[PDB]
Structure formats: C-alpha cells, structure tokens
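Peer 1: The primary structure of each chain is shown beneath.
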Amino acid sequence: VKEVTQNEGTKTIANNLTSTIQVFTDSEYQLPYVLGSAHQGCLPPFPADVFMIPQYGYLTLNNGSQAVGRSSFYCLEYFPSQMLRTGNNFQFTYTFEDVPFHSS
Amino acid sequence: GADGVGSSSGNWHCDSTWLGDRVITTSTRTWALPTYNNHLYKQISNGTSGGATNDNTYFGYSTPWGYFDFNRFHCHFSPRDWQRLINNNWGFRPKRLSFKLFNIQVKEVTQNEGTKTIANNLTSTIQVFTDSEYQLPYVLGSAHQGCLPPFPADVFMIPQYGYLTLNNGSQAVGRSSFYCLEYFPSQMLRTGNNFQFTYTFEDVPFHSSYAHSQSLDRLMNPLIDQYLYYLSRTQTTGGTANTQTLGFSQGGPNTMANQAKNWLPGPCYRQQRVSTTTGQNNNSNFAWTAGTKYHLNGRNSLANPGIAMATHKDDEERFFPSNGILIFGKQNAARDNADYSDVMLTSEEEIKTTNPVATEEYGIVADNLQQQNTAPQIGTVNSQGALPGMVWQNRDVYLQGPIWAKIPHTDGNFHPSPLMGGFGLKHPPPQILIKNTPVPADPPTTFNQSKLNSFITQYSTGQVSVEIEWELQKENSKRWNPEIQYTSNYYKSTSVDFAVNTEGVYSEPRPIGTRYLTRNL
Amino acid sequence: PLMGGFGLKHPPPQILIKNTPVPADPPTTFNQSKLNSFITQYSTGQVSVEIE
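Chains as they are written, first to last, in the authors' numbering: chain A, 323 to 426; chain B, 218 to 738; chain C, 635 to 686.
Among these hints, one or two may not hold up.
Said to hold, decoys possible - Dumping the calculated DSS-like pairs for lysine-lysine here, alpha-carbon to alpha-carbon at most 30 Å:
hint, chain 1, residue 1, chain 2, residue 2
1, A, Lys324, C, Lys652
2, C, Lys668, B, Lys333
3, B, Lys623, B, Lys312
4, C, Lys668, B, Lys623
5, B, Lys643, B, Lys312
6, C, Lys652, B, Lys317
7, B, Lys333, A, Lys324
8, B, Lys547, C, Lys668
9, A, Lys333, B, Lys333
10, B, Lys530, B, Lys643
11, C, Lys668, A, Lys333
12, C, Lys643, A, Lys333
13, B, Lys668, B, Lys259
14, B, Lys333, B, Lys668
15, B, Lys569, B, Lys547
16, B, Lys478, B, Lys569
17, C, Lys668, B, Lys317
18, A, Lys324, B, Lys510
19, C, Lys668, A, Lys324
20, B, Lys643, B, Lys317
21, B, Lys623, B, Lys691
22, C, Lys643, B, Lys333
23, C, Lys668, B, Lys259
24, B, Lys478, B, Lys530
Read the hints as simulated data drawn from the structure, not as lab findings.
Model the full assembly from the supplied sequences, consistent with the hints where possible.
Peer 2: Next up, the structure:
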C-alpha cells in the first residue's frame, strides 16, 4: 500500500506500512451481480501484464432519468469484510454445482 | 496470536441478525482524533460581565481528551432494519453491548514554509480508558453533535470532552470540583494493539411502540346503561317560574360524558401554541417571553421539550407547541435562524388517547362555594401534577433520537423516564475517553524547570466497532383489519430517499417514529 | 446464456476490494461535517485463481 504526494512539481511515492485494504465476497448473492455482461477489465491474457481493477457500480429501476419507489440502494460497507495489512493474505474456495458438459 | 505493524488488529463488521426475540446489530466506522487545547486543561467561563444574560452564565473546564458517543439510534440501525423493527414488534429493550477499537494509525504532520507533509509515526501511542465506576461527570445524553455517522462510509471527527460545575456568575464557588483525567488507570496502545470491553444492561422496561386503538374515556360499553347515577338537573323546567330542585339520571349510550370512569389522563403543564402558517400567529417576538419556563436557583430555564403530551388534537396539524416538541434539521441546514422548510417537526399526535393536548388546559375546577345568594364559579387548571389513578404514555423514540440517558443519583425521583425519550438507566454504558500521548519537540540542552510547551503536531485514526444485542416483544393481536405500516412512497422521484445524491451527500428525508401497531388500553 | 457459457444458479461469488480511507489532518476545533480531505493512496499486490 503506497501513498503519493504532490509538492509543487515533484511527485514522490513511499510505502505506508500501517494502511489496510478491505476485502469480502458475497456468498449469499445479496448484491446486484454485475459479472457476465462481458465488461472490460478481466485479468490480462498474458501473465506479464499488470492490470487495473475496475470500478463497481450498478443500475436500478428508472422512469426516464428519475427513480421509482422500488429503486434499491446498497451500501457496501454494510457487509462483514476482512481487513488486511501488508502482512496478511486472503483466500476462499468454491464448488460448482452440477452443470451439463459444454459440447465441443 | 502475534501482533505487529504488519498484521491487522481486527476485521470490519456491519451486520444485523434476527433470531427469535433477539436482534444483534453491529457497526463499524472510521474515526480521526485531533490534538485538542495543545494538550492543556483550561478554565472556561462566561458571565454577565459581557453581553450574556444571567441565565447563560457558566463555569467549567475543557479537557484535551475526546470521547466516543454512539447514543443515537441511527448509528445502530439501517433504515430498512428500523422498518423491520417498528412494523413487526410492540416493544424492545437493549440487553448487552460490546465495543472494539483497533487498526490504529498515528501520523505526524509538519509545516516547512508552504509545504505540508504527513508521515507515519510508528512508536507513538494513544491512551484509552472507560469509567466503569461513574466517577466522572457523565456528559452523554444531552444530544450533542458528534455521534457516529448514520451512513457507514463516512469518516467522523471525535468530539472534545469538557464539563461544567457550580458557579455564581462567571465565578466559582467552594464546592466547585476539578477532575484530572490523567489520574485514572488507562491503557496505552501502539499501532499493533487493540482495545475492547463488554457491558450488560440492567433490567429496563420495554419501550412501548404502539398506539392505543381505544381512548381513555371511551372504555365503556356502548350498548348498556350504568347502574350508577349522576346529578342531571338542578332546576325545574317547563314552568313560567322555575325553582331549584334535584334530579338524577343513569349514564347511558346517549350521554357518555356523564358516566363514571376509573381513570384519569396524565399530567399537564401547558405550552404556548404556534401555527405553522405564519399569518395566523401574532405579530411580535414571543418566543422567549411567552415560552414555558421553569425557574431554578434564580435562573430562568426554558423547558425543552417538557413532559410528554399530544402535539395537537384532530385536524389541528398546522399547530405545534412552542418548545414542546423535538425538531431535527434537514441535511445542510443553517446553524442559526434556519427557515421552517429546513427543519423537520416531530409529532406526538399518536398519544392523544392517554395524554392531554399540550396547548390546552387540563380541566375545570370549582373556584367558589355556591349559595342561594351567590352564583357558582369555575376555574381553569393550566398545570396539573400527578393524582392517584393517572395513566400516561412516554415520548416516542426516533431513528435520529437518543437511546438512553443517565438517571441522576438523588434521594428520590418520579417515574424516571428521560423527557427526550429513551431508556433511563442507573448505570448507563460507561463513557469512553481517548487522547493522543503528547510527544515533545527538542528540549533545550540546559536544564529548565518550566514545563515543555513545544510538541509535535500529531493526530491518529483507526476503526471502532460497537455491537448491541436487543430483546424484542413479539406482536400478538387478533385485530381483523389491516394495520397501518411505515412504507416508502411508491411515486417516482428525482432521487431515492435515504440514499446518496449526485454529490455523494447522504441525507434523511423525514424523522421516523416508532409507533405504528395498535393495542387496546 | 446466449453469449455462450455455463448458466449457473449460484455462480462464483463476486469479490469486492477497497482501500481503507485515511484522513488528512483534521482541524483543531470540532466540526460535525464529515471529513472530505484524504491522503492520495493506492495499493498493489498479487492474485491467484485456480480452477479444476
């Protein structure tokens, strides 16, 4: 985790050892599921590339540019998540449900 | 297991769990604690020497410390959760809470000419303690700003701790007490440490959330007459000259105002009435003069709100008592002289059944002693204390309102329920104090007795978690027709209610009372 | 799915990540408004995914 500052024209980047990041997975599917629309930003095909993580956003019911009564709002800080500093790691496992073979 | 600068102290938790009669609400926020008063205690005072009137004089101290205040409901409940609660349940009370403080960073900032720069200080500490013996002035429960934000994505600033003591004018008397907060055992934490404690509420009556489907005077059977009598006639009728005589009647369906009744409405201490329509109000400034005040120690104090009363009677909604209600501000409301459209008026109208209207008299009594010579006279009761056989309802709690208050420690009290609403507690949740440990700048090379006034500009941030277990009282009712519920508006809108706007500002459209479901008296 | 793939009732859970905000120097006098000033910050690391 690094912190960059701007002083006049100079740019400088230095480690921040005490900062954290927050990570969680929705295993109960309680959020709008935004994968599967073929958006850009997946992992690169070629392992030597460094990539940028995309921003999360979602859409809800609308009438014109306005919103209706059923429109829902989700606050992502409202889920239990794990906080990691530079000495921590995160992992989980998953098991697919039975699915028919893709016929090739 | 093993703590250090590389490991994280604790994990984020915001969740609500509904099991049976329990609901467990946990929350987490990010805070930032500045250095106050340059690490100094200070005597603060105000007196009539200036323009201040004798009523606003005070004497007290302002500490460098700072404290956590979670006392408001919306800290612990999302609006959706608040809706599950008030729609399905009669009452609730807290059981036990937990508190955690972790992931502490301490940073030091320096000024060199025009440049500002901020860098971690790994070795600095903070000091934390709780007063569990209640040996400090308990400053929570006055509804001060600075609680946790309603919306979890907000970072908030911890308020400064200070207290007031006995005064005469701007001066202090002999009984005035001074407390040094460094004089308590506290825990000192560096960036690899965390802090926690638990607490268990004492038995407290459920907060009643419901409206009465009946009214106090209508408990009678409409079909049947009473066997008791009342005095219905003092004089003959139909004659050209009528003479005094006595006659009696039984209360019945036709006249229900005359029937005997077992119970009386709650106490009444009158408020002045104000109309939301400006034109109807008198033209003058009566706010402070015509207000309803109580006089204590030669010092007039406005009574805000006062004891619980119905805001208005039927179709009076445009009227509200002067100071007798809670008034919450809308987002981005001005601090002073805010317009009517910038504030939100709560309404106690639900309790009309049990309690008298705030702006009207309690009743009528006999002033004089009648005779054949002299006519009887009547008089009005503006203020009425407690009488045997009174029943009343407390004031409603709101999603923005305070949860509890500390019952003062005194010889005696009467129904000790805080007027602002909440749970009165002999032993409230202990208040938590926190401070940056001062780090001196370079001392001189030659010894000097005077204390060191130079310090390193410094502040700290971190996480805080609070978890409260609530007990519920299930709603068991045979009512046939549908209840009134709280519901969001179905019609379209520019922006969603209880959600961020284009600019990212979170806002609350209206206050939300707790009384929807109904019961019989 | 029309784009091709495996339809799933319970797909792999989606994973969310964020930098924890670190405030800049707060004022010395208390103010209720939320803190809008932060330290410009970003994080990097490694990620591994393994499918059987």
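Peer 1: Quickly compare the C-alpha distance for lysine 668 of chain C and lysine 259 of chain B to 30 Å and report which way the hint goes.
Peer 2: Since the Cα atoms of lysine 668 of chain C and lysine 259 of chain B sit roughly 27 Å apart, the hinted pair holds (cutoff 30 Å).
Peer 1: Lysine 569 of chain B and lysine 547 of chain B: Cα distance at most 30 Å?
Peer 2: Roughly 27 Å between the alpha carbons, so the hint for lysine 569 of chain B and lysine 547 of chain B holds.
Peer 1: Quickly compare the C-alpha distance for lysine 478 of chain B and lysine 530 of chain B to 30 Å and report which way the hint goes.
Peer 2: Measuring from Cα to Cα gives roughly 22 Å; hence the hint holds.
Peer 1: Are the Cα atoms of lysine 547 of chain B and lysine 668 of chain C separated by 30 Å or less?
Peer 2: 15 Å, holds
Peer 1: Does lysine 623 of chain B sit within 30 Å of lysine 668 of chain C, going by the straight-line distance between their CA atoms?
Peer 2: Given pair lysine 668 of chain C, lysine 623 of chain B holds - Cα atoms ~28 Å apart, limit 30 Å.
Peer 1: Is the hinted pair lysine 530 of chain B and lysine 643 of chain B satisfied, with a Cα-Cα distance of at most 30 Å?
Peer 2: 35 Å, violated
Peer 1: Take the C-alpha atoms of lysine 478 of chain B and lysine 569 of chain B, compute the straight-line distance between them, and say whether it is at most 30 Å.
Peer 2: 18 Å, holds
Peer 1: When you check the alpha-carbon spacing of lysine 652 of chain C and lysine 317 of chain B, does it fall within 30 Å?
Peer 2: This hinted pair holds, its Cα atoms lying about 22 Å apart.
Peer 1: Just to be careful, I want the Cα atoms of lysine 623 of chain B and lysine 312 of chain B compared with a cutoff of 30 Å; is the pair within it?
Peer 2: 16 Å, holds
Peer 1: Would the hint linking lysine 324 of chain A and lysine 652 of chain C be met if the CA-CA limit is 30 Å?
Peer 2: 14 Å, holds
Peer 1: Taking only the CA atoms, is the gap from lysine 668 of chain C to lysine 324 of chain A under or equal to 30 Å?
Peer 2: Roughly 24 Å separates the two Cα atoms, so the pair holds.
Peer 1: Within a Cα-Cα threshold of 30 Å, do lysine 333 of chain B and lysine 668 of chain B meet the stated pairing?
Peer 2: 28 Å, holds
Checked against the numbered hints given earlier, this structure breaks hints 10, 12, 18 and 22; the rest are met.
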